[PDB]
Amino acid sequence: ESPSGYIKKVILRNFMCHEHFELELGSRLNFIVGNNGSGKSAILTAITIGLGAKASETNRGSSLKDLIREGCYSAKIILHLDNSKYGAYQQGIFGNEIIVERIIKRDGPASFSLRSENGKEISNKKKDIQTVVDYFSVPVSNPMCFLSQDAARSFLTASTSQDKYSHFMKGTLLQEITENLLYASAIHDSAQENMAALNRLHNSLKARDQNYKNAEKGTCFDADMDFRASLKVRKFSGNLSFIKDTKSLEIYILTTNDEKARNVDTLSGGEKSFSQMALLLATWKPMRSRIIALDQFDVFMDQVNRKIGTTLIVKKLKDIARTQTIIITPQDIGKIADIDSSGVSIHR
Amino acid sequence: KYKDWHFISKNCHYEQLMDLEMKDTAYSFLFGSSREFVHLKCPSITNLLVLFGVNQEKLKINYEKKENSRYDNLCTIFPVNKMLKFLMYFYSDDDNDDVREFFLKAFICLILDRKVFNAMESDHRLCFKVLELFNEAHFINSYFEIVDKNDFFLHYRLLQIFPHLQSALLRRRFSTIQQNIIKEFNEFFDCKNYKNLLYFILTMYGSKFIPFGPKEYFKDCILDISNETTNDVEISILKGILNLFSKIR
Amino acid sequence: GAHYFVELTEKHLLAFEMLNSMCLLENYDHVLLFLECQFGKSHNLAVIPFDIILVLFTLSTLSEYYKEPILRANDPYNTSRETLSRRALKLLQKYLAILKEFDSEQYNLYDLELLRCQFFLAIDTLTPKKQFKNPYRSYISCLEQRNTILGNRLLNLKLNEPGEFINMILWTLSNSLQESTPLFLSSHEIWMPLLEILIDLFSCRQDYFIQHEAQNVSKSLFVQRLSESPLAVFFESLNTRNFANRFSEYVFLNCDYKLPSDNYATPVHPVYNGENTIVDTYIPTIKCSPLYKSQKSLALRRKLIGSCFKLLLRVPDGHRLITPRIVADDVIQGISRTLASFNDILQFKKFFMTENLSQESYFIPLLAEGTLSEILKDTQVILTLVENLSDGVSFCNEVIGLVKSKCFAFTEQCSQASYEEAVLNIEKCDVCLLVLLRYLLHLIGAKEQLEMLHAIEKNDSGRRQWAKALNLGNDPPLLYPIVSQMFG
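Chains as they are written, first to last, in PDB author numbering: chain A, 76 to 271, 949 to 1100; chain B, 196 to 230, 237 to 259, 263 to 379, 387 to 426, 431 to 464; chain C, 17 to 147, 181 to 262, 264 to 430, 434 to 498, 505 to 547.
No wet-lab data here; the hints were simulated from the structure.
Take every hint as true, because none was put in to throw you off.
Every beta carbon over 10 Å from chain A, so not counted as near; a handful from chain C, in silico:
hint: 1; residue: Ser-96
hint: 2; residue: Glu-228
hint: 3; residue: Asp-306
hint: 4; residue: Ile-395
hint: 5; residue: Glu-516
Where chain B lies over chain A, by a calculated footprint (3+ residues, C-beta under 8 Å):
hint: 6; segment: 953–960
hint: 7; segment: 965–976
Idealized CB from N, CA, C, for every residue including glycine.
Make the full structure from the sequences, and use the hints.
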């Protein structure tokens, strides 16, 4: 079945709008529904904070205390991770699942206790829960995988040619190696002018730009193959081209009624919205995560086209057995696509 | 990286080989079916090899003296289509086994050195003709005499001009084969051998044991060791190739 | 779906859109690695898209001898220990030896008919002038916004320039017999094996265009379906109406026979800039003998005429070709008045004594007899040897008649005044006889042979005693020791 590292159950305690919340998710595309201002963002914020997020890592809560609802004294977060298939590290120590406990008090340090199958504490260090999260290939650190309502709105909105390139590069962690290894203009140039073998550092640095250019070809190619395979659900064709000279993401598309592919910014709202949703899906492909979330993909796409976006999401994500999606959307939309097919766990 | 065993080390006798070519080129409209007196400046095959630009006592690679690591040594060589043309005159198909095996091994050593390999003709018709003279069981048992286990750099070279040998040597080196390849992947993985592992992947992919397609746990092993970001340049290649050998059907 | 067009199954569409995506990212090492990793493995035949042919046609024309830096700034690791131009050429010559077999016993007929469509779409873009449209709809490809590959513009985009498919032919032909490495290398690994592919493909599109054009059509109009033929536009690039004195001097450009062309030699200039310059960081290693140089440059000059007696052979006996305006008889006495004029007799033998005797039939025992008829007009006639090439008795009777006609023995008493030209002339008329004899021995698989034998004995002895009376220190160019060992 699906390899280990998917969330079984989530239990809350006196959160922003939930007093005692309990949800159960599946090992695949997992919709949950509601309406505006129903605490839908609360569960995503909790699931981000419960693993690696900090007090000011969301730009919505100023600290680790405003999360507690006014009048309440403390808060508690507890998650369950499956360990049955590949990825069940030292399963004999705990069992077939891993339980973490994040308790935040009104005053004092926050305990990060880690529990076993039967719920007894086995560790409390942040490093232990962090290595557990990063083993199951969880992208907790990343600020894209568990996109917020406004963070995801920053991508799926009015963009230009040299803006989607920035979003894709930042999301794919390709604006980290082009800065951690771009200060060579002073470490190899200005760090040698003292006599006009200490050049061993420049030797390693030249055998490290290969690492970046051989991980920007095989990572920006996997996000381009899954953009031509997602334009085939509207009977379209096309691709997307990276321009390093301009740092641009010009996307070229060709419709059934069209004879020659034109630029995306020449069509109506629907095709542009579909293309940007396809790019949003393509961004996640190269980076091998295990849990992906999203919130409010209905920022500007109409419901008539939001249905098409839903069908796209369902075909692209449901079949994967190694990416547990936790998409959040208010309206119930299990009435158009093949939600009855095994691989969807719509929850309210 | 820059050193590929260079069978031909000295310079070539460009004046005596030129004379031999002129006599031979008038021996194709007089024979071609019946079997020589065009050449007696090279009475034995060793003399011919010396004429090519090889040194004395030359048929084996041992790597004690960094044998497949000799540098350029920019010596001129004769065209390969003529070196292989002059070489087949010394077959003696119905003769002693030792001379036939000597011819086979000299042919093999002449095949996979950087000088000949980098300046071969795309017509590529003579080498296959020399190949059909032997069966692949005797061309791979009494094969190229490079070592088997650690030496996967000339294995990829062999399976780059004789591709149909891909499943011929993979059942000789790995003599249950599916679990033997992963066993010999850890030994090149828990040894920090990130250069002889790249040519291990390029060699055995495509056979009956390690096919293409989205299906191999190698991409997992080449994902935990990437955290240095400055670790090695032959480890960001090994994962870009393996990401391409999965999207192939 | 005009003609030969084959639609894409979804299992080929994936590899079609993946190779173009890879090539769009300026990553050609993995594009090439896609094809090689699955070549001789299974019965799948991963065909190259038709626009990943015009890429391998442009990756081929950039060798390290003049672009070493660019071939290193692309893939500075060099995993395969080979360049981008020596693997592109090794694929185009590997997917071509598959096309001209059409072996359905291992592959599937669908792949073998799709590959032909790719190749014909590629070679239908080369339209020579004188002085992008992807037919599929499943995918968007490269070459729609990409023009140049690593500086080198393109092959289809350059050969279509006015007066360029004629300059590159003269480029690869004139620099064939060269001594300077910057020039000889521009036509030994860049343009010599590339014209051998273009000619071998233009001559396979013709093999198809004849059948799947109009069966049962008038002869007067069948000759009109050979003026728009692919082999007609190819030979239409020759921008002159003097094929009796222009096609005989375009094939033999850098050869030195007795060149009487009072017109200035054709201006020959490189195709891509920097071609006639070797680079500092590359030193040649292959030593090419001047005999080896003039053995692979006459196996191409003959291969270029061998595709002119295949277009002209199809012209019916009644009419003549319209678009080239050439005759199958004005170019047998044109490639015979210059072939019989060669000075270097080691080039003459290299031309006539061909390594592909069976395929290069049907026109070699036409120039061979056509040349022997051009020499005997000075040595002192009607030659009917090719018409007797099937029955050996008539060919014999003719050759004994010839030797009795004193055309193989030497001339009159003038011996030492003009020996240097007379010996060459009388020996150049022996190769043609030898070539015809070899063809007869190959096309036929009694006492007349013995009569030819003794007649040639007396003729050779006559030349021998004449040379002895010439107060000469060496032997004359005898004939016999070749015929004796040929017959047995």
